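**Student:** Given chain A's structure and the hints, the job is docking chain B with the ligands onto it.
Protein chains: 2
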Amino acid sequence: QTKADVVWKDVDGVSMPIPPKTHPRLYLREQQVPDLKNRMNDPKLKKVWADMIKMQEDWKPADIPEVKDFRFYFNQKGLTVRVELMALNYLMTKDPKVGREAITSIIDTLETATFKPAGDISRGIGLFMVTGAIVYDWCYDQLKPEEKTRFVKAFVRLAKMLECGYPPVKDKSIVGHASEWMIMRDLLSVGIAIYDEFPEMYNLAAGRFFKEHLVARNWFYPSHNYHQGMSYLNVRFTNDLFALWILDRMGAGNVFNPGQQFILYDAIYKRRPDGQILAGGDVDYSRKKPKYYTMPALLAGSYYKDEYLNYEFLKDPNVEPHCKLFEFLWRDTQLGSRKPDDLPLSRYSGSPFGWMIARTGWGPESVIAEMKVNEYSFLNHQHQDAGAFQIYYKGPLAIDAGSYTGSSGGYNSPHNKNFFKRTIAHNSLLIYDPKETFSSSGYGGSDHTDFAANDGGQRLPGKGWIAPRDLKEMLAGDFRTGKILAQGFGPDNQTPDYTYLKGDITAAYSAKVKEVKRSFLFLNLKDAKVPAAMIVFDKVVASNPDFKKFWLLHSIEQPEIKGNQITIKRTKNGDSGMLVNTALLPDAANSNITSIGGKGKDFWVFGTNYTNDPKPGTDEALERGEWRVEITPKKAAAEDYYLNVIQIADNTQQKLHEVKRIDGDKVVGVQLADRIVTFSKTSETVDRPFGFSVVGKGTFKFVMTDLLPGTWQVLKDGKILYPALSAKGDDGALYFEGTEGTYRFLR
Amino acid sequence: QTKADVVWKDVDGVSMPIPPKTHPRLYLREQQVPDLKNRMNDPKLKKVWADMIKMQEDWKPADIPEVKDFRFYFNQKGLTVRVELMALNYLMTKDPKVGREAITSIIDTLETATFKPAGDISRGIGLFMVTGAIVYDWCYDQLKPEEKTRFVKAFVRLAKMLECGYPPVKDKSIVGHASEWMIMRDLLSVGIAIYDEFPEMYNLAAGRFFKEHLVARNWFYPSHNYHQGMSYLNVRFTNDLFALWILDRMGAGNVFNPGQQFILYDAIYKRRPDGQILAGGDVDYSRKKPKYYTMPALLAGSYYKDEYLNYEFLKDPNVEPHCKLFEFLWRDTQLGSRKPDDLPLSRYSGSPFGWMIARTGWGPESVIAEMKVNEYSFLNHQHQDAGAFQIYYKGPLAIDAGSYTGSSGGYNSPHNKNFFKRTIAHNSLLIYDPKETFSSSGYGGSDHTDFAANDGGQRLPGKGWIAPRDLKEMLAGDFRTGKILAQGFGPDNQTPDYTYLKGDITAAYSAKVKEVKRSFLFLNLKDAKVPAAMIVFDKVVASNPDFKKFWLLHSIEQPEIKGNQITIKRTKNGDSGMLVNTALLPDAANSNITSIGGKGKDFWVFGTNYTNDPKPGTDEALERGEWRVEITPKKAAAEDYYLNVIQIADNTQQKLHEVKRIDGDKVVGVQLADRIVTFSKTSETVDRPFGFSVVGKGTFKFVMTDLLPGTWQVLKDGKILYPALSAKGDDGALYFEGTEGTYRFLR
Ligand SMILES: [Zn+2]
Ligand SMILES: [Zn+2]
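Those protein sequences? They're chains A and B, same order as listed. Here PDB author numbering = 1-based position in the first sequence + 25. Here PDB author numbering = 1-based position in the second sequence + 25.
For reference, chain A alone in the conformation it holds in the complex:
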């Protein structure tokens, strides 16, 4: 990271940097060349250089798979590695002999190379381009004029092979393959190298990046999160960070919103004590080895000099072979590292997300709870999971169900289209319109189907479940799925007693609903015995009273239902957690609670089970799940409310807190332990006097929500208790402590 010293020009209203008229300019400038010897003498970096020396050896003919995967090419070996090390040596020695060998060794094969149609072949093709780009840029003054021309024509030939095409007009700028290596690393790298001879490639590659990719990312970056789920976070954010490094090292400074530094903190918050990461979007499961975000933590931690991110990298400081050079060039070995233990227990991601991640600690006894609005849907690997909550404690308890791969297949599978990516897979809300259709004609790259199953769930946005080209198309289309209404945590910023999130998710559904709102209130109970609780309060108004309403709670093992109580336990894989839901609304007289699951019913969608068993040896804990509970109104009605209170504890915990519903004036609420929480009876803003009664011993902590921001007066037993308290705009809430009595509130 250094200040920009390049010239900037507008191209069609969009400011862009001009590559400096000097080589090297790819991945480094002369400015950092003398530091290469220090890096070579850096013992942390010597090992990575040794790794690359080993990479110089050709593939053993018998070891070659013959189906040359993207993984084949990313496990980089042979000539391309050799010429890269030659170019590096030329930078450090300036010896005309070494720089020439790099050039003469690569040119012919760069012109002639062939690639059998194979899985993500663009990646191998793009990496082969990168090899040439390194030699071209780093040994530039050694190039003969005829060779430069030969290199250019070879690069154009190779570029045309890429899935984005050349010109790079195909695919999408926020998600999909064009949001991976092909543009942000590969085409951009070549462009920078050959700019003095063929400026077109840079103008096309950087052109699209600055116009689309950059604008789209800068839009959500301030909220410090990513939208492709907890696996594809890796490749997608890695390539964002490649563009960051490539352009800063070119001389363009940081081109992104610097909030980029804080995106990977989400992964940190979602890490479990078993080494796995809380689920979200397209993910598979394992208990074999911990999940790591090595490349993003390397690139982001080193650039932004972030100790929390460097800790993450140091967990497994082992970069994929094709990335070794980039670790050598860009890693900060002087940077320290910090365990996450002193991070606030709750973190909030605002627009366009509206996601809360709440913990009760950083150790083995941690409850980890996720609450999501989703203001927009990004599609691709994101799920239609507006309103979803997810809870982990000593095992996955309230689960995000299904699996990316399995017996059903991969991304294009019936399981993905009909269960995994759909609302029914999640702890959210269904409203079933028998006449609703779900257009899926543009989903996936093969095995296309025109329509998906009716899950009573959320819309499939886009032109048949097609992601938008860019931010412009996204904002103009039907990708809006919600509105964050309220959020906060406290009273303490470090160890909040409560974590609150409210969203209106009507836009996530068709016109089968008039209104859908969900309010989450997580309680850190500050107790080893019953460490946490979550209260979920829903308003659902269907356009037709006969549209069946569903409240879902997914689990791995079979739930036990007794009255208004659902008990879920983990008893396998060393997990011992327990979840207990008390259903308060609909009331027992209007409540049907039903469990669906087990063999043939694990992925049940209104008449069809979308079977997806794990690949042998994978998902040993069955985190894809086998069970769910559906809470449904007995009586058909346009307007229904759900109120559910979840307690979390060890499966050996016998005594859980008594849960009381509070039926007040204008409010409905919950009381358990020393906590009182209220919501508007209509889930709409309360702007007039209201009240309720409290019965019980000791001091209670009150969170009153859905209140008109401004000054409130609190009375108890007809006497003013708090003459003036402020409800603020962000949470629309009153907070205070008090004892039992009859409460009135004035505004």
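Quick caveat, the hints were computed from the structure, so don't treat them as lab data. All C-beta atoms, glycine included, are put in the ideal place defined by N, C-alpha and C. Treat each hint with caution, since some may be false.
[As the list claims (entries may be wrong)] A few chain B residues that don't get close to chain A, going by computed Cβ distances all over 12 Å: (1) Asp37; (2) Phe97; (3) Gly622; (4) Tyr747.
[Stated by the list, open to error] With a cut-off of at most 27 Å between alpha-carbon atoms, the simulated DSSO-like pairs for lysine-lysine come out as follows: (5) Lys28(A) - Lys753(B); (6) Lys753(B) - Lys726(A); (7) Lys28(B) - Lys744(A).
**Tutor:** Below, chain B with the ligands without anything else, positioned relative to chain A:
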């Protein structure tokens, strides 16, 4: 206060109550009649009744004044008192002789009474009408048919004499005389009384009230304040409260937004230790008798059963003669009372106000500070005072200058039109456009002036400085003067360390400015020696760099200027306060600080002194002021910033705090005592990394404003200090404690 039990039907889209088919219905119904005996037996209420018995005596002919003022009539004596007591007695005894006597004693004079035209005479006419309405309603069953007709014609005759006219089509529904007794008490009372025989009067009076008055008041009531200044609060709010009591007692319940209860708390916050009230709008000054809000406190306190307001009534439980009956009927004598001592030290009034009142205590050592945005202007007795601050501590220190009356005259005086109601009289901002025109043709109804003086101040809204008819007309016009941008007070709700308010007041001025912003930060320093400080940060962008800019500070006595330091002291009237302003921006190299004042210069407006000496024996402390300081930039520039730090102490205090300006990355700030406060150097939202250095011993309290809401990271001496703090939407600020070092903030 009882639940509504009458029928409602829409009239031209507006729901209105129908008077019940029963008498009595004026000021009480049958449900309250038996309780009259109990009230007569109440020691507190027997005295007011005895007061009324005394009022029965006629005026002494020699003591009758030449001019029958509104004060003459409100000092109600003779026949009209007698007949009201006869009617009360008829309700209580049901004796036909009594009811008949009330009717016969009043009927002749009611139809023949004459009132010499004066211009406040509507009040005496209206009260005479109320006397007749009492007899009519309370003795209804004793009325003969012929007498009913005589009463109706008499009431219509009297109604036509009122300023609003009959039909009530003249004047204004938010301010002016039609927002006083004539409709909300007087015409409404008669309408209700005679409804069975002549529903037209009620339909017109209540029709206008429900369509216009009620709508306007409900619109601003939730922010718990009033817009007519600290004197006219009395008559204006009193009449709102008459409408409240009249309509509830009729059977319509509470027709107002119940936020009405909290309006009078502002007066409580503005009370000084010397018994007077902080200035605002059209006010005069006395040190003789304390100012009381007796009638509002009686009516609001008793209706809403509010002990703080009842305390305010009990300070001086003496209502004007013409209101004694209403005390007898409506006073709650069982209600308790509370001194203001346990009230939070700061109170916020939101849209359409944006006012902070901040204190350091409730006793003799109280600092009292007012900070105002003004989102809308209501005109009439409100001043064009957007951005103004005012500070009291052992005397008026930073003053709201001028006086309502004096040698210049009253409401229509050149002093009112050219100084008192104008920005120049206030601690606010001037931008002088020499070509600017200020139309005042409609001021004072339709009075003669046409154009007022150029004070370089704020616009005169309306059709030549007149108020709009109602809310509809107000919102469609040019009455918007500002936008609340941010607000909040200190970590503790009860005793906040800081009180913050930011407003954009561009709308208050003409096109001579492109942008005007003012941020206030009040500090409660929690120290006897220097109790408080106020930091004021202004951004002013003029449309012409040659347009002279002014920052004003008004005082009673002569300010002492020394370099960048302005010292102001009170040494008279038993006052001993001191204000010391440190001018930080403009820098001393670009700052000119000039005192203007003394005789012939006390109300100086660019060449002309608008003289307004007190009436003999009034304003003995000269709170109208004699002096001001103007801070002006040396260099002509379109854009200028003002940064001023006011410290408050006893004038005997020799040691005040050193004030350091903090010149940071993207921020400009202030350091004094143990407090750090920063603003955006541009006064625009900061959304990228920034920082500054702190030198000094011990722990400091940091308030960082103008920040993009979301999660921020704090670093000190290159190490993460706070990994994650939240800036919230309402204040857009970070709060934390820290020691000396070099600070960086990431977003
Ligand atoms: Zn999912
Ligand atoms: Zn004023």
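**Student:** All hints, please: hold or fail.
**Tutor:** Taking the hints in turn, this is what the structure says about them:
1. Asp37: holds (25 Å)
2. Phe97: With a cut-off of 12 Å, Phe97(B) remains clear of chain A, as the shortest Cβ separation is near 40 Å.
3. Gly622: About 39 Å separates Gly622(B) from the closest Cβ of chain A, which puts it past 12 Å; holds.
4. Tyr747: violated (9 Å)
5. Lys28(A) - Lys753(B): Roughly 31 Å separates the two Cα atoms, so the pair is violated.
6. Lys753(B) - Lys726(A): This hinted pair holds, its Cα atoms lying about 22 Å apart.
7. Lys28(B) - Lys744(A): holds (21 Å)
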